[PDB]
Structures are given as structure tokens and as C-alpha cells.
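This is what each chain is made of:
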Amino acid sequence: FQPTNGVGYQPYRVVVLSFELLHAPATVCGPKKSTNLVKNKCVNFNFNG
Amino acid sequence: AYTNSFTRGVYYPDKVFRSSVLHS
Amino acid sequence: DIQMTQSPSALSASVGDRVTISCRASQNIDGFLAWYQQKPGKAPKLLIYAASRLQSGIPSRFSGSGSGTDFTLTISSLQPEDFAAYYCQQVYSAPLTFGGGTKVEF
Amino acid sequence: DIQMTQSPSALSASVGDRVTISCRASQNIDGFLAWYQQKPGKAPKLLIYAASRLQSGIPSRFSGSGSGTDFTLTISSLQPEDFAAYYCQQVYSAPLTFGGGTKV
Amino acid sequence: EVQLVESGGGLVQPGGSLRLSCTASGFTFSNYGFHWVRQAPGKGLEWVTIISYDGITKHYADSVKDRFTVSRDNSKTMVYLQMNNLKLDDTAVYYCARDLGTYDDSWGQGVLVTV
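Protein chains in written order, with the numbering used here: chain A, 1 to 49; chain B, 1001 to 1024; chain C, 2001 to 2106; chain D, 3001 to 3104; chain E, 4001 to 4115.
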């Protein structure tokens, strides 16, 4: 890798993020706008995505 | 020495909870 | 080859005063510049490698800025340790040229 | 403009030896290089075209290698006819500069 | 930690041959390429030469070109900057720095050279 080397030969940092969609607890969530639970009435619910 | 596996050798297929169903 | 000079003259700002130096390349060296701090009678210390990213073991106050020909270094607060002669070197070419330098005094 | 300077000013060995005639460019010129073989009182002979490609009618022993600034010419086995002045020329830019000259 | 020390610098007659030594400790000397720098009194720094990690390929500054030679020994973990045809202008404090311009950069304390 050299400054002289062209953009084609220039070094590139690559991060590959691997995600498994599962019915497991799924700790990593990125939560926002969390709400309290409601029961005994019809509602649109998001549980862990 | 060799011993038959009998009905041993099974592990849970997936994380999903299943009740009163037969799953292949 | 590329030639490196520092435009600002010696600045005698006091401790706790923000200061900013400018380094200008003769021709575009992309982001290949290295800011140094040399105390008299001491080895030079590389403040920022390339641009933006601070070098390890360098205080947070020192900052790396400037793209292309223009490069800039800003110190948030001065200290007695900070006063020194600072120098910038182009790394894009195979031969290396160093900056003229700007003296920092109390 | 691009300044071409061959690394050996004058290197000559015996017949059958392996020779190296390095050349360099001031700034990146990609693969745009030519190697010439001008004998004293003759016309320059294009040994290598485009740095990595042998020209037609040139012996297999001559070989051009290297990209960007650095370049390297190699003769596998020296011969009596091999000895001549060698010049490398940048063809990347509109102005063309020949190399100073290696005497073999 | 990376430690760099310099030696072999002293007062020399003009036109004399003076050779420097760049000590390397605390890191793998062979893997990393090495650079040489000099600091003239009351002047900006001036890079002198570069040697590759294997030492096969070397470049030199225009001022010291064909006058100053650089060599290194992997076993001894030292880079030698041979200086010839020395001049009053050449007088400087020589700093040997490894991997210049990068995160890996380290600077030696230096040894004064006078002509």
C-alpha cells in the first residue's frame, strides 16, 4: 500500500456486521420511544422488534 | 464395547417454544 | 518535491489561551501530513497523524484539521509544557520535507 | 515535468552475466515507460514498450518489470551485441524525458 | 514501549567521513522501515534519507544525494547513516525516526553533529 498507488490499489477499511434474526432474547436492540405495557384490550405491540 | 443409543441423541431443534404440536 | 512552510509567525499567548497554527503544502499531498512538537533539546513528538485522528499519548486539547493542501492544528488550552516549535511534514512523496516551524512562547 | 534518472550511471559486466538497469520517475507515471538500446553511432532500438511488454523483434532475455515510479530492466544472459547505451523514457505526460544513460 | 537512541555524532573536519548509529529496542527492528532526519540550528527540520525494512530499497534527500549513504543490519538492530563530503551547512542534530508520518512513528533523542 503506497500514497502513489492509485485509488484502485488504495487500502480500504472494511467492517462486516453479521446479524442473526432469532426468536432468542436478542439483547442488542437499539431501542427508542419505549412505552408501558397494556393488557386486556386490542393493541399494536412491538416486542423486541 | 458397544451400546445401543436407545432413544437418546436428540437436542432441541430451534429456540422457538412449541406446545401440543408435532414438529419435524 | 513538495515544500512545507508554516504561515503564522511566533505567537506569545499566555497559559490557558487557545492558539491555532496553519501549515500549507506547495502541491496537493492529500491527507498525508504529520504535526510534530519539538521542545528545545528534546525529541520531536508527533501530535496528530494524517488528519483528524489524534496520536496515542497526546493530550486531547491538540486537534488535527485541514484537507488537501491546507492543514491546521488547534490547541484548546495552553500550558507550560505546550510551548515549543511545531513542525509539519508531507508523507505523500517518497522524499520527505519538513515545515519551517512556528515558535510558541508564554 | 517528469524527471527520469537511471540508477546505474555505467555498469558493464562479462558475457553471460545477469544484468540490472534500474530506472525511476519523479512522479507516478503508471506503466507508461519505454526502454531503448542506442549503440554508439546507430539508431535507438525499442526493447520494451509500456514497461511490462516486450517489443517485437527483441530477444527474450530482456525483461521489463515494475510499475508506478520504480522500474527495473533485467537481462538474463549478457551477450556481445547487448552492450549499448540504455535510456528509459516516460510517455505518460505530453513532455517526454529520456533517461540519462547506462553504459553496458 | 518503543525506544530509539542515536550515537556516533561529533565534531568533524569539513570533507570528513562521519557515521551515525540508530539504536533500536523494544520492537521488531526488521519488520519496520527506518528514516533519518537532521535538525540544523535555528532552522526547520530536514529529512535526510530512508531505508526499507529489509534494506533493499533506499532513497536520499536532494541536498545529501550521492554524499550520504544509509545502511542497516537486521541482526544488530541498527541503522547507519554514513556521511561523506561534509560541509558547514550539513551541521545539524541528527534524529533517527522509525515509520515517519504514521501512528507507528517514534523519535530518537538524537546526537549532535558539528562540522
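Note that these hints are calculated values from the structure, not bench results.
Fair warning: there could be bad hints in the mix.
What the hints assert, rightly or not - Estimated spans, in silico, between C-beta atoms of each pair:
(1) C:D2017 - E:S4021: 38 to 48 Å
(2) E:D4054 - A:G30: 30 to 40 Å
(3) C:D2030 - D:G3100: 23 to 33 Å
Said to hold, decoys possible - Subject to a maximum C-alpha distance of 25 Å in a straight line, what follows is the list of computed SDA-like cross-link-like pairs (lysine to any residue):
(4) A:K39 - B:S1019
(5) C:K2042 - E:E4046
(6) D:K3103 - E:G4044
(7) B:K1015 - A:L21
(8) C:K2042 - E:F4027
(9) E:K4058 - A:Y9
(10) C:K2045 - E:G4015
(11) D:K3045 - D:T3069
(12) A:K39 - B:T1007
(13) E:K4065 - D:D3001
(14) E:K4058 - D:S3009
(15) C:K2042 - E:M4078
(16) E:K4043 - C:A2013
(17) E:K4058 - D:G3016
(18) D:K3045 - D:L3011
(19) E:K4065 - D:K3042
(20) C:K2042 - C:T2069
(21) C:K2045 - E:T4028
(22) C:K2103 - E:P4041
(23) D:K3103 - D:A3043
(24) E:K4043 - E:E4001
(25) C:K2042 - E:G4026
(26) C:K2039 - E:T4114
(27) C:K2045 - E:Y4053
(28) C:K2103 - E:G4044
(29) D:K3045 - D:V3015
(30) D:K3042 - D:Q3027
(31) D:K3042 - D:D3001
(32) C:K2042 - C:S2067
(33) E:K4058 - A:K39
(34) E:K4065 - D:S3009
(35) C:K2039 - E:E4001
Cβ coordinates follow ideal geometry from the N, Cα and C atoms, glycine included.
Verification of the hints:
{"no.": "1", "hint": "C:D2017 - E:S4021: 38 to 48 Å", "result": "holds, 42 Å"}
{"no.": "2", "hint": "E:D4054 - A:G30: 30 to 40 Å", "result": "violated, 48 Å"}
{"no.": "3", "hint": "C:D2030 - D:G3100: 23 to 33 Å", "result": "holds, 30 Å"}
{"no.": "4", "hint": "A:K39 - B:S1019", "result": "holds, 23 Å"}
{"no.": "5", "hint": "C:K2042 - E:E4046", "result": "holds, 16 Å"}
{"no.": "6", "hint": "D:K3103 - E:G4044", "result": "violated, 40 Å"}
{"no.": "7", "hint": "B:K1015 - A:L21", "result": "holds, 12 Å"}
{"no.": "8", "hint": "C:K2042 - E:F4027", "result": "holds, 22 Å"}
{"no.": "9", "hint": "E:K4058 - A:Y9", "result": "holds, 22 Å"}
{"no.": "10", "hint": "C:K2045 - E:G4015", "result": "violated, 32 Å"}
{"no.": "11", "hint": "D:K3045 - D:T3069", "result": "holds, 23 Å"}
{"no.": "12", "hint": "A:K39 - B:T1007", "result": "violated, 43 Å"}
{"no.": "13", "hint": "E:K4065 - D:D3001", "result": "holds, 20 Å"}
{"no.": "14", "hint": "E:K4058 - D:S3009", "result": "holds, 17 Å"}
{"no.": "15", "hint": "C:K2042 - E:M4078", "result": "holds, 21 Å"}
{"no.": "16", "hint": "E:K4043 - C:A2013", "result": "holds, 22 Å"}
{"no.": "17", "hint": "E:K4058 - D:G3016", "result": "violated, 28 Å"}
{"no.": "18", "hint": "D:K3045 - D:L3011", "result": "holds, 19 Å"}
{"no.": "19", "hint": "E:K4065 - D:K3042", "result": "violated, 33 Å"}
{"no.": "20", "hint": "C:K2042 - C:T2069", "result": "violated, 29 Å"}
{"no.": "21", "hint": "C:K2045 - E:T4028", "result": "holds, 21 Å"}
{"no.": "22", "hint": "C:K2103 - E:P4041", "result": "holds, 14 Å"}
{"no.": "23", "hint": "D:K3103 - D:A3043", "result": "holds, 16 Å"}
{"no.": "24", "hint": "E:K4043 - E:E4001", "result": "violated, 30 Å"}
{"no.": "25", "hint": "C:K2042 - E:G4026", "result": "holds, 20 Å"}
{"no.": "26", "hint": "C:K2039 - E:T4114", "result": "holds, 20 Å"}
{"no.": "27", "hint": "C:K2045 - E:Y4053", "result": "holds, 22 Å"}
{"no.": "28", "hint": "C:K2103 - E:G4044", "result": "holds, 11 Å"}
{"no.": "29", "hint": "D:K3045 - D:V3015", "result": "holds, 20 Å"}
{"no.": "30", "hint": "D:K3042 - D:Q3027", "result": "violated, 31 Å"}
{"no.": "31", "hint": "D:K3042 - D:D3001", "result": "violated, 28 Å"}
{"no.": "32", "hint": "C:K2042 - C:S2067", "result": "violated, 29 Å"}
{"no.": "33", "hint": "E:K4058 - A:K39", "result": "violated, 76 Å"}
{"no.": "34", "hint": "E:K4065 - D:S3009", "result": "holds, 14 Å"}
{"no.": "35", "hint": "C:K2039 - E:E4001", "result": "holds, 21 Å"}
Hint violations for this structure: numbers 2, 6, 10, 12, 17, 19, 20, 24, 30, 31, 32, 33, all remaining hints satisfied.
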